[PDB]
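Taking the form deposited without the named molecule, here's one chain by itself in structure tokens.
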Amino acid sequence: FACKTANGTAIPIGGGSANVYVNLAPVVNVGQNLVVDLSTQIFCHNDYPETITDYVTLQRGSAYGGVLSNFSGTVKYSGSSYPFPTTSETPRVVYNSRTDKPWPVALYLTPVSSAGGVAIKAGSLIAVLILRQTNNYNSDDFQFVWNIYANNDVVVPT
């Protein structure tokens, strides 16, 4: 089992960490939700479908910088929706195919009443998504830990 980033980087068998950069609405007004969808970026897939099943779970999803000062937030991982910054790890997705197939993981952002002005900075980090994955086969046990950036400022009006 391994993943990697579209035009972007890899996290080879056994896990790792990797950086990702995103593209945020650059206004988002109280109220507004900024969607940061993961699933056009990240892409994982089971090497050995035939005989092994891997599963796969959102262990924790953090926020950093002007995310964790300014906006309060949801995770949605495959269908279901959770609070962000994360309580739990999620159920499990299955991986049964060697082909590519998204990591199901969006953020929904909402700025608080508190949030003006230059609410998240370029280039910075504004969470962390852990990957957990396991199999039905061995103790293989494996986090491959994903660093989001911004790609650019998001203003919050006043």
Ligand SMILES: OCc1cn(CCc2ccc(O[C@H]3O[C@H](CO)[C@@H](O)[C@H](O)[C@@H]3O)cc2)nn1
Given for the second form:
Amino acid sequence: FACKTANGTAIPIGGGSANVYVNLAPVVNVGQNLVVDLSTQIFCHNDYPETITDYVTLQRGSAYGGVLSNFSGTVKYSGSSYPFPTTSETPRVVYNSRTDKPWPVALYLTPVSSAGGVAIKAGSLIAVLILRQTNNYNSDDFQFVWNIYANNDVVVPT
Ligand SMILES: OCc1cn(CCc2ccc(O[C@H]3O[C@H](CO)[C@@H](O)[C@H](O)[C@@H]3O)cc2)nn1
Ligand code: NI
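Next, give the form deposited with the named molecule bound, keeping in mind that what was shown is the form deposited without the named molecule.
Shown next: the complete complex, the earlier chain at its head.
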């Protein structure tokens, strides 16, 4: 089991960490959502699906920088919604093919009433999402740590 990002980098068997840059809507008002869909960027596969089933959860989602201070949010993982930052590990998604399949995670972030001006700075760390992988074969229990960075400034009009 390993993962990669689109035109990007890879995290190999056994886990590790990688940096991911996302495009964000440049202007977002109170009451609106920034939607950050990682399922178009992060892809994973099972290396021996004929005998092994891989189980994959969102172990934890954490907010940083402008997102931590200026937004509240929710995360959608494989069809279900949760608070973001997260309050517990999600249920598991099964990976049973050598063909790349998206990691089905999306953040929905909305400005708090005190956000104004530049609420997220270009290039800044905005979130960490930890993918936890196990299987039905041995004791493997691995973390794939995705550091999520803003590509551009996000302004909350005042
Ligand atoms: O007849 C038994 C047999 C065994 N195999 C492959 C053995 C194997 C063992 C571990 C393994 O590890 C990687 O691949 C596994 C499947 O994705 C994953 O669960 C592991 O954690 C790890 O990333 C891959 C192949 N093929 N046939
Ligand atoms: Ni592989």
